[PDB]
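Here we start with a single chain on its own, the form deposited in one PDB entry, put down as structure tokens.
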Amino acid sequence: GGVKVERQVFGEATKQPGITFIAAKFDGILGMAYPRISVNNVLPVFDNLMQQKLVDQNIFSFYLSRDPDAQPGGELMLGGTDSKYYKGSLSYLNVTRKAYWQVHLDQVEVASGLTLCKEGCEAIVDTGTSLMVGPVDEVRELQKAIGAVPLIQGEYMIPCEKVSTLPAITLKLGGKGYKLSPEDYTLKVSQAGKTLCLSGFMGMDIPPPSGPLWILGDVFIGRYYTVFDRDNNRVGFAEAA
């Protein structure tokens, strides 16, 4: 019981990816980006939900309640923002290209003394990607500064013990600067009783005209209360409470 989006077209998959790609836990995907990137021009749920005027304000938010033992999967709110989810206030950025939830990145600065996206760039807020993705020639340098170790095949490993000492990386958005600590940007894995620490950055080139793009995944979003606003076409961040 919550809301009922009528006349929604969707997809029934008769053949879909394995458990190795989509986990047993998730049955499907519910995209929340603009119609322009919608497969076969199918009007997205939220849009329909907008047309049917089912919510007070055409916006929604994600709170990664990742604090104790809350509900896994974060907390999405359709309709508005909620004070309880943040500390202080939200700061917004205008959406630059109405396809992905794309905006403008000012610059990424690494504690050491390195600066990437030096003259600003494009970045899309993506709750579906985990890694922070960026231009390979650009991120190759970051991987370096944080002292990550490139392996063959692609993973830039980081000694599990050395994590605490890695340089905090700070992205500058809307003139404001959001922080990321190694604990936050260093993805860890555990298998058969052993953990593996590795970098959370991805060196991957997005072929234009959509790319070049920096994809801001959950390594960033899990840290800040994020609001996606369709009425005004902006994205706001606030320290997640």
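Rigid core (definition): largest C-alpha set, two forms, superposition within 1.5 Å. Residue numbers count along the first chain shown, from 1. First, how it differs from the form deposited in another entry.
Among the candidates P159, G128, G154, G113, the CA atom that moves 2 angstroms or more between the two forms after core superposition belongs to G154 alone.
Relative to the superposed core, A70 shifts its CA atom by 2 Å or more between the two forms. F10: CA moves less than 2 Å between the two forms after rigid-core fitting.
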Contents of the next structure:
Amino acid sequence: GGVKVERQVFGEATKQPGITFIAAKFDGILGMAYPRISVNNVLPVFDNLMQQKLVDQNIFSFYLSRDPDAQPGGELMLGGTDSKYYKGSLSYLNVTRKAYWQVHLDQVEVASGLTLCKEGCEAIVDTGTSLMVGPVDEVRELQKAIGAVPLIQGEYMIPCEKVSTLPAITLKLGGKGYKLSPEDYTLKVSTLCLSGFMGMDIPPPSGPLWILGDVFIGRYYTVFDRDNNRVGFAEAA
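Form deposited in one PDB entry done; form deposited in another entry now:
Next comes a single chain, given without company.
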């Protein structure tokens, strides 16, 4: 029960400077964004799979487990949606720019009162990002609001005893409200509690951008529609 993408151009990496890839458990990356952000303008795997008419529906969906114990850890469904991993109906958001899976973010309301992204922002649905990313100043406001303290690389830590007490963070997308409970946007470490919110400034013309990483996708079953150029979300199961 699998697919074979013929005549696919890929890169054979010979230089991987740093420690980034030493640490990494995977061997490489299979990019799934639009052909615009493809290095040396190479036709990506899904775009080739589309061209070769290897699926009926040109869509792909991600279920990501938020417990490293669970089996399977996730699922990528090529050419459809797995109904056994989501609740209720999909709610679609139109892609604003066909490079990343870019959608308009209406607001980021912190249950406590604070509202970030008040005039509206642009966000990207990124599976290769584990945390939520936002502008340095906006994310700095957020962590002052949830009693978190900075460590390094725009990362913040919360005392674990305070995680219960924390406010929810709702993301207003396509008119609907996508709530993240403190247990959703915080990760236990080594025992330290890492905030699922990271401060990083993406420079223009691409930026500023918010990144809805695995923290988000883990809570909301994500659908990537290429025929209709939209992103659908449903309460993960």
